[PDB]
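Missing here: one protein chain of the complex. Every other protein chain is in place.
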Amino acid sequence: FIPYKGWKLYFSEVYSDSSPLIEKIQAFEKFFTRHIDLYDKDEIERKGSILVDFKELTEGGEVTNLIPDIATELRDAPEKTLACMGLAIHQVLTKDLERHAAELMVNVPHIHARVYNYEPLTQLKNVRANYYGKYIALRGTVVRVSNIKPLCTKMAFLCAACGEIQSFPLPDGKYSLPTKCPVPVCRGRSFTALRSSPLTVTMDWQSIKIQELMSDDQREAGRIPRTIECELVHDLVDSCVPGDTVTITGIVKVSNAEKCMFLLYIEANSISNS
Amino acid sequence: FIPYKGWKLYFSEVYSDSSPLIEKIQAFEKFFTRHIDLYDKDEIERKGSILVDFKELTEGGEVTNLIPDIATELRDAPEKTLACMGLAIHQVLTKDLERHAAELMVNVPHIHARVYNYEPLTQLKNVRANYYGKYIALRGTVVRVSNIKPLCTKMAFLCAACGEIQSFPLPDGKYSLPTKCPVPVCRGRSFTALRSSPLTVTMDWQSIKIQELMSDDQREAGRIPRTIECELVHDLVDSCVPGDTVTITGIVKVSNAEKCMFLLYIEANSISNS
Amino acid sequence: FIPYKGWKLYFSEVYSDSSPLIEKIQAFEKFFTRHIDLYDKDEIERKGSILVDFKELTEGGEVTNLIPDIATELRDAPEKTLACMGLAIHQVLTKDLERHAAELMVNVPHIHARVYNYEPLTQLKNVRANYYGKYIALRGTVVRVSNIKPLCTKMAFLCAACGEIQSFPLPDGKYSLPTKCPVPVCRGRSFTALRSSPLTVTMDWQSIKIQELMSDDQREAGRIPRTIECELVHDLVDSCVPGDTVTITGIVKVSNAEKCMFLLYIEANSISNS
Amino acid sequence: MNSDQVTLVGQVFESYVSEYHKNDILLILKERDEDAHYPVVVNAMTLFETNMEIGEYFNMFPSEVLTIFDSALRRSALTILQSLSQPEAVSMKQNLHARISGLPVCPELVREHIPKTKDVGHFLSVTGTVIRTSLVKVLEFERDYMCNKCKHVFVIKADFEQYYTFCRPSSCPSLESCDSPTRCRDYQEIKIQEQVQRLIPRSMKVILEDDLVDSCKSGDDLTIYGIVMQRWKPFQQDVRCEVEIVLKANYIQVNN
Amino acid sequence: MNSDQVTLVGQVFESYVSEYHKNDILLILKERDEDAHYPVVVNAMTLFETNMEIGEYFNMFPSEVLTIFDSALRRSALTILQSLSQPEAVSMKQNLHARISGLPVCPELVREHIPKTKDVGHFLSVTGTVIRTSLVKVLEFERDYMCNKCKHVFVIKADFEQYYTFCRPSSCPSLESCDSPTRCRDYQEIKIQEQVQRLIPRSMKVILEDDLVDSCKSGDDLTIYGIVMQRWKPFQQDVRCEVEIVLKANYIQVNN
Partner (left out) sequence: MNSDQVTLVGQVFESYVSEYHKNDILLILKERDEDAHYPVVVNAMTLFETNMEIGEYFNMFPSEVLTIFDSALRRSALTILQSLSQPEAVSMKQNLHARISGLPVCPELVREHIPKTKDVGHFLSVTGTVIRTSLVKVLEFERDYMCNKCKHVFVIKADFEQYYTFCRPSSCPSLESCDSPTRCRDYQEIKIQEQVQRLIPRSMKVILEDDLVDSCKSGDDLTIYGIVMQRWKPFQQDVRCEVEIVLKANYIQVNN
């Protein structure tokens, strides 16, 4: 009965018509519906990427007309605002494909969102404590391109007693256990691995090191500029070579096990070039 | 009542007149009895070594007259055919010494068997999987003579409750436990070490590395010839110096703990020189 | 009721008027009482050190008049004879301060004893087994001065049920547990650490390496002279620089964990210079 | 798969090998030794041209086709042995193998670049040179361990996806409710680096096995027709699991 | 301490800061961002001259004075915010700090040598150069862990004397008999070597924290006004326990 078929792949929560995300869902879906006839269907169909320009959102369209809290919501909430755009894109593409098929089924895959051209440039030497889980932007060069190695995000588990195996959404590549199995009824446990079924999904990975430019503040002290890492996730990779001039926008998260001793790295969300 | 007094030192099995090894036993004992007056008694008495020539066995004597399956039995069965010759030598030497003493007691020690001059030369680059536990022959040089270090093969154990200690035949220098004790009666266990009693026996050891000759197949590729190890056990050692031309015949066994990852080495049984 | 207030800081034993140490206590206290008006009160008040000369004790005063066994008792007993002098100094200083205050309270701290100028020079190359826990004297140079790092000797523990925490005298910096708590009554345990209360006391530390002089025995063999370590404990430190000519007198103890494999080092008790 | 599909594939394979592969089978039969190893080379384009259904059944599950072709080869061996006129200088071998070669020139099957993660379970063809070379070593395959608390023996096998480790079974497949090394192979490890002429390139850890061992020279051009599979690692608590991409070889060439 | 003493310290601190520190407070208030950090510099000689009781209460327990002065600063900020005439270009900050400077020239407070072990819990002032420098890293302070078997949440903190480790609580402070990471800071590690001009010297491992991070250049003269504390190590059975002497900074200077 859910209009959005790809609910399971997107937000993992029991469907209830009470969340405030719904209004943003209609806002984004209307904005995409009006501006829909300018995208090559094959490119999005193969590689999920909608290169939405932030200036268009800033232009005072329905995005701000329906809800005015867009910049604050984007900065404070990293994922709730970001994934709604992907949900809207998936829904509108599914509806268009269904209409086209009906005029003359549909299993469109995961599509990521890409919000670039972010104006306030929060350059380095100012990201220490406060900027944790806040969408920011940088500018620098690349010097330490590394090799590719896959990782898994949705590897499956075995089931106890009867069948009904599951594909528990394991978070950020850290092994855990499903102490509860929803299933129909009865006890959980079922702690066993089944790393052969097609339920397990994998994707690429990389790592980039950025050295920030000379900019200003020509201090005589020979302190080399600070460096912060990056992590490309999917549909990226081989997009940079040693020595460039790139602009990176992404969430700021905190690593572990460099023991409450951590560092700071940035999970990329869009890259440019020059 | 056993005619062969050294049964315990040789084959470890309850004496029953049903095994087919008996026929080979009298065949070997008759062959040795006929050809007995050509060996210096002192040399065999001190160092156990009977340098039996395979050509004499091939000459169609009683060895093949009584049983024709000698080559196939020797190749397929490494130990059953080999140790029967030692049994025959021990029995005939004991009988001769007893007769000599009676005309005018006997505790002759272990005597090894030595079968050399093996015709089919199964040179290297062809021993990969199949030749496991099969008597073969090689030809090569020696480059990596090592140092001597003893090892134990029949170290004794302690006994529980009453006495009757035992000298369990521990296999190929790998520590084990006698979960059962035959003794007269009652429970086993008795898991304790007694590494001081004269029941424990030790012998020498070594290790040799062989690089096979140029032979043929003058390939342009600079792949160095394959090398296979050797292990001299007893009454050998200091028989080779770096750089020789030696012929080695012995059983092919599989090592462990170079985890089902093993290599191949040869337990020597006879050496020659030039 | 104890005349000696600092009994707890000194000898740790239930006060009973039966030990033979009492007579030595009066002997030392009388000797110090006669010869008391030659010491600067402030120096002893701040840094506990009584530079007693052994020649004065040898001069046949009351020290030998009351008890003639002084040298043998000092050599055989390292601590019982040594700490009695400190107890006498503490008692006489407390009595003098009390009398001065009454004429016109008192919390004098720990004062160490210092017995120097020891005549029998038991030089090196002769301390192997017998000289264990015997007061001796040496002579040599210093080459390996090290850095300072504190250690704790009387760190406190937590208490069970009710209060009454304790300051168990942990021996020579080796962690242990007070399986018994004297307290008023009831069970012990209370195995918990409280390393913040002012009950815990810490002192300095160091380490010195001595190479013995050329002396004699001009052997042609190029064996370097033997070296023995030293350990300065308190109120010392920064008293030596690389390359000196010093005389050290102290107890000989046996180290551990260089597993019954130990070495020999000397816990210093007095240092001189030249 | 369906029951009839594997059978039909079997008859197609046996018919093809009987019609156009008599000579190699005859030479393989007329050889010494009993159980060493013996491969057969079969072309592809002619086979896929003869029937239009073998290609569809093949190029989505490169797993069952090889075993079915091996069974067809064994059945052909039995048939030719039964219908033989000179049973004196002949010997029967129970160790046969398949080797596919001659794939089409489709752009998605002649890839000159290493797949990243979207080619798992596919049949590919990579080209490159050789950098490293390991040593010849021997594995243990299957144990047939002692039967405990029941009667019928077990034939459990190893697992390639867990670095050849053995999992202890507890649920016996017995009909009732009851439930509780004379085998060897070969091995090697070779690394292939992409050529720069047709382009820094990365490398693959190609795993060789069985008769293919000792067939590569350091510094030569290769062309491998192998399947792509994944190798896991034992899991540690609250860490990042590690994976890798390897290429189990099914043929080889020394084209230069 | 007595109940009235901390209060009196509070009033004297707030009176002094309100009487001679309106300008810096005004500039701190008129700044962007809400919760980064904001320090205030206060002199010592004038404050100790104004009242003869603050110095005695200060230079024996240099722990509570800083917290009380911080509370006084917060109260002053509240008072100024309440009594404000232009509430448009202003912002409220809940993260303030104290920073004492300008100690007397007493010989026991301007020590040019590292204390051995007799200065623990005292306020000192050392001078030296810089040798090493660690990397900027982030700690976790307080957890507010999930409430088990009871209701009221717990606010347990960390321990500086145990290398920032957490002790598992079992005795709940609950009135009854029942008993069972959005927080971050900054960190650094600097080493100071004594100057040879005013004298081999040894070195101290000065620990920096909070806003003071990234304020030192390798090879410069400093003058730190910090407290001295001890850092322990986990105990092993029948060994020699290890300790060390560190210096938690409370101010810094770039005098050269």
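First chain written, first letter: the chains are A, B, C, D and E, and each begins at residue 1.
Everything below uses one rule, namely that contacts are C-beta pairs under 8 Å (C-beta built on N, C-alpha and C of every residue); 3 or more make two chains touch, one makes a residue touch a chain.
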Among shown chains, those touching the left-out chain: B, C
Option from C:2, C:257 or C:261 whose C-beta touches the chain left out: C:261
Among B:51, B:106, B:151 or B:161, residue touching the chain not depicted: B:151
Absent-chain contact - pick from C:14, C:104, C:162 or C:221: C:221
Absent-chain interface as seen on subunit B, which is shown: 147-152, 173-176, 193, 195-196, 202-204, 237, 257
Interface with the undisplayed chain - residues on subunit C: 125, 128-130, 132, 221, 223, 226, 254, 258, 260-264
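Methods note: only the chains that are shown with their structure count from here on.
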Duplicate of the A-E contact set - from B-D, C-E or A-D, the pair where over half of the pairs recur: B-D
Separation of subunit A from subunit D, taking each centre as the mean of its C-alpha atoms, in whole Å: 39
CA centroid of subunit D to CA centroid of subunit E, Å: 68
Touch-based graph of the chains, sorted into line, ring, star, complete or other: line
Chains that touch, pairwise: A-D, A-E, B-D, C-E
